[PDB]
Amino acid sequence: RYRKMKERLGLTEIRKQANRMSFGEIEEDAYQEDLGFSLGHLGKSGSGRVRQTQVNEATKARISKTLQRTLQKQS
Amino acid sequence: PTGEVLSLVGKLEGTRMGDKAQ
Amino acid sequence: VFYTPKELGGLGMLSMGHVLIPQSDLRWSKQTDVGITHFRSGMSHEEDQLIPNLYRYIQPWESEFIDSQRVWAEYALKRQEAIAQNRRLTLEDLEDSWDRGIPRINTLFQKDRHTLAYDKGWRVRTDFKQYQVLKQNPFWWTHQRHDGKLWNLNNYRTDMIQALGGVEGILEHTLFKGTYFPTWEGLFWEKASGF
Amino acid sequence: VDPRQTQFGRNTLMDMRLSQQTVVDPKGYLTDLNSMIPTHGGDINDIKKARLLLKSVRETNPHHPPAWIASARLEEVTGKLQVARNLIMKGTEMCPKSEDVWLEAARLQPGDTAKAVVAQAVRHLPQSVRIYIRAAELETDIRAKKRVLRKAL
Amino acid sequence: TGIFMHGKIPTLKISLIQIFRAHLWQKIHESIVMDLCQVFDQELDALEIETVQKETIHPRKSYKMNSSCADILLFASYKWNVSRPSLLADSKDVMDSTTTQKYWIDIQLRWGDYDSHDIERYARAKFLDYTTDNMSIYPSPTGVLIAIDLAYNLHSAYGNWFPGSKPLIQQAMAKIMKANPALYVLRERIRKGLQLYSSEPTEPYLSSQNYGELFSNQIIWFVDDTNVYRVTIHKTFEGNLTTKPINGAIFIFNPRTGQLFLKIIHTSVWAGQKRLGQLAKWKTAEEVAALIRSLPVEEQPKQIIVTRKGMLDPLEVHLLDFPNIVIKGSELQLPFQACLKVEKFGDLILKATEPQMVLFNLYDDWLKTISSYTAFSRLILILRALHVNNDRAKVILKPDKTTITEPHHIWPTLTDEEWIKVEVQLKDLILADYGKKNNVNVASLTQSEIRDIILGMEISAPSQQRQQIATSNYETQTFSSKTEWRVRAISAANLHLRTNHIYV
Amino acid sequence: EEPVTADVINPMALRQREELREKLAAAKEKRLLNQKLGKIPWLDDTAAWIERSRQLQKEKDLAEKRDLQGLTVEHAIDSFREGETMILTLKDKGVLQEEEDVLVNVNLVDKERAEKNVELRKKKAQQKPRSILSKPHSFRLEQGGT
RNA sequence: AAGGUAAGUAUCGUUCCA
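Chains as they are written, first to last, in UniProt numbering: chain A, 358 to 432; chain B, 36 to 57; chain C, 1315 to 1509; chain D, 200 to 208, 247 to 257, 265 to 397; chain E, 1558 to 2027, 2059 to 2092; chain F, 148 to 187, 195 to 219, 252 to 310, 326 to 336, 346 to 356.
If you're looking for bench data, these hints aren't it; they were derived computationally from the structure.
Where is the CB? At the ideal position from N, CA and C, for every residue including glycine.
Take the hints with a grain of salt, since some may be wrong.
With a cut-off of at most 25 angstroms between alpha-carbon atoms, the simulated BS3-like pairs for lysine-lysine come out as follows [to be verified]:
#  : chain 1 : residue 1 : chain 2 : residue 2
1  : F       : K170      : D       : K334
2  : F       : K329      : E       : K1723
3  : E       : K1885     : A       : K373
4  : D       : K292      : F       : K170
5  : E       : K1732     : E       : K1611
6  : C       : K1320     : D       : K292
7  : F       : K309      : E       : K1735
8  : E       : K1735     : F       : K336
9  : E       : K1898     : F       : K297
10 : C       : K1344     : E       : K1683
Okay, the calculated bits of chain A under chain C, using three or more residues with CB under 8 angstroms as the criterion [what the hints assert, rightly or not]:
#  : region
11 : 375 to 381
12 : 387 to 393
Put together the whole structure using the sequences plus the hints.
Written out as structure tokens, the structure reads:
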């Protein structure tokens, strides 16, 4: 149980790569509707891995047990 | 010298919007 | 401290006021092994430096509309010919028309271009988004997917760095020299401590 | 862009290893097909390092055509198609015996210049080559297609 | 500390109290003093310096900015023709001001502002204001005040110089700026206060802590590339040492099945290649990508560990078409370069006229009667022992005179209890070798560092003086010199050995 | 005082100038390759096509009846023994890093590390102790041995 | 006038005051 809690709340490599925000490298402001949302080193030519940071599966959104029960009954 | 922002009203005599942005 | 971009430690605050920078904030000294040396930015005796205002970095709507008409005419002439010559278009042809036209030409090359073909009435639902989401959207009138962002700030940040004195003209104000990194390249900001 | 669309609507590798009292289990060396333009692309981050790697290798292993091919794919993906054309035309003389390199050069060259490439590939590979059909539909006129087929014949 | 607050900025106050903790100030002043004391000790005879004294002063002299006093003082062997007060960048002092015996140097630290970060003006101004003073005590009119700006890492010196002193100070300060334990720890604290780091990107590193998660149901590939380009070099008893290149072998070991794929590396591939290191770097990557494209999709590796960090880079390009394959570097000095030293392994590659790839199985029949998670541990223990030394490892590996070993398998055929005994013997051998190498009794090594030794973890303490993070004893520490009876006693030893080579 | 003259560096300006220079280099290369590759009756004759096919078919009937090395070894000459053979592997070097090749043996390297650790624990020409950090022992190997 | 007191514990001196 504690291992799964640490997996859910652990810093996924894509998350930890987004926290790094480079230095002295202006980037075009992504997400016009709300600037100040830069992905940092995620998808950045400054540093990082040559391969794209693969998406994790432990952080996938999941529905509750009672809500899935409602889904079963509704169908 | 002061950091206070000066209104550019009356400061637009020789400038355009599209200038210095091509 | 304010108008320095975000990754250089500043806040990257945009401005539309006549903000003068005193010539005491464009001077930086470095201690070479032989001895200390000093530098200014306006190395010829000239006027006081001025923060670039956003006013000069957004194209007027008139020019944008006439250029949209002209650029879409160019694209139509460059596509109907491609029908006869039997080849798909490419970045090479349309680079001269890049980032122009109200439905920006770069939208044609967008990844989800197919599914956005089935997105109709998007602007209306964007307008009515105010009743569904709590915080108001300043860009309610448009949508970055369907006509692209209609503004550019790369030139604005370029000129802000140029006017503020560059990397050394801004880092002189900072604690960068105290950190003693050999050069400012190869650095990243940890926006969040692990703890 | 699709010409019918208007404003309002990868790293190839020749080698191949075959699986299967003796501990020594040698395996045959198999050569593979060529790689065409894949729908999947752009699965690369930090381009300024990967381009440096491929640059270093194209003189470190200049006789590995998929190095040039991967360089072409990477530079075509990230909006530098013209430099990709130039780099392929440079590297085709380093591995001129590979069908894949000439196919990539043909698919990364517009107009009559493409003909100039495909009419040249047969000079190096004139025996039983798919490049002939690449010339066949690379041109326009049916008469030119007939001449190309006759040259293949 | 000596930082001045032009206004109560509480966040800045907290930050600077955190940065300059552990009395870093006084400690940084003392560190600047003693290593600057050292440079004069080496060149004291060449400058007619009789002695160098670091007198015991007030511990809070480091940030006492109102007044000042000398801390390093040179007693001269003979009179010096002192020069005028001048800056560190000056070169015009014709060195004829006066004559003195005592010669002090004062070191003052600063955290400069933006406007007032002119360190040389600071130094000269308070040299004048401390010599033309009634509260500052300087033994002699001659002397130089040295000013250090920590916030901008500037250094200057203004005052009196004796012949050869100014260039020596220049060189000593140029070296002290680029390296000093106190200034380095200050820089590190400043860096971790701003959380601005240079390189050091984050990757999953195989280490002694996360070594457990390796043992999972996902197949893993240990790409070892040390044994690719290698030359047999031997120095004959009388003739000059001679070299002969031989064949290499890539290791694609798989802990789940033991199938050690091995591409024999013919010497002919290196047909006078100038940059052979990079060719060896991408030749292994070529074969590993070929093997990945060769195996069926369910047998494709989901995790590739790599022994040598240089190999982390090429795989990601040759694995560019496999984004779901995690390539993890290893901090573990994991013993697979010694896997090629087995008789049944090397013999195949030492004589092979052409390059080809062959399959092995490092688990002979263990999986018939033992789990793979301990089969891999037995393998790694055996390979660490063999890396330690081949001959005694063989002798241990053949406890029975028979020691049946058919060409079907590799390791000797023993059942479970003989495996217990041989593994205990190999563990004892590995700890004995480590104890011999590092001069530590094996019993003191607890199980954690035993595991560290076996896997390839061992640490040292070259930066032992960087411990400053740990009647106030912040100036009580004393200097040292051969002038002291102990130093003399050190210089008296070996004096008879220098009389064998004497000139007239 | 007087501030000396020196240019201001601008990461946007540097990146844009680099991209523009690369585009100019690409333009020059394309212009050169246009010259390089731009210098290259029976077109629609089906009867002559059949005749040529016949002559091609009949033509086959008519034609039927390593001592050399300059690498360096990061070891001392004394580090080797005599009357025995030693294996010499290659040291880890990054692909991007263009330093020279270095051949070492893992066992001797490990022994050097162990003795260095022992000596550094045993301690528990201008400012050398801190210069050695701010600043190894090998020999040039030529003609199969020095 | 500002919005600028680090909180302590150690003694010694003094003085009023009980």
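Here is what the structure says about each hint:
no. : hint              : verdict
1   : F:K170 - D:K334   : holds (16 angstroms)
2   : F:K329 - E:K1723  : holds (19 angstroms)
3   : E:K1885 - A:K373  : holds (16 angstroms)
4   : D:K292 - F:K170   : holds (16 angstroms)
5   : E:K1732 - E:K1611 : holds (21 angstroms)
6   : C:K1320 - D:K292  : holds (22 angstroms)
7   : F:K309 - E:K1735  : holds (23 angstroms)
8   : E:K1735 - F:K336  : holds (11 angstroms)
9   : E:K1898 - F:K297  : holds (18 angstroms)
10  : C:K1344 - E:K1683 : holds (22 angstroms)
11  : 375 to 381        : holds (count 6)
12  : 387 to 393        : holds (count 4)
Every hint from the earlier list agrees with this structure, and none is contradicted.
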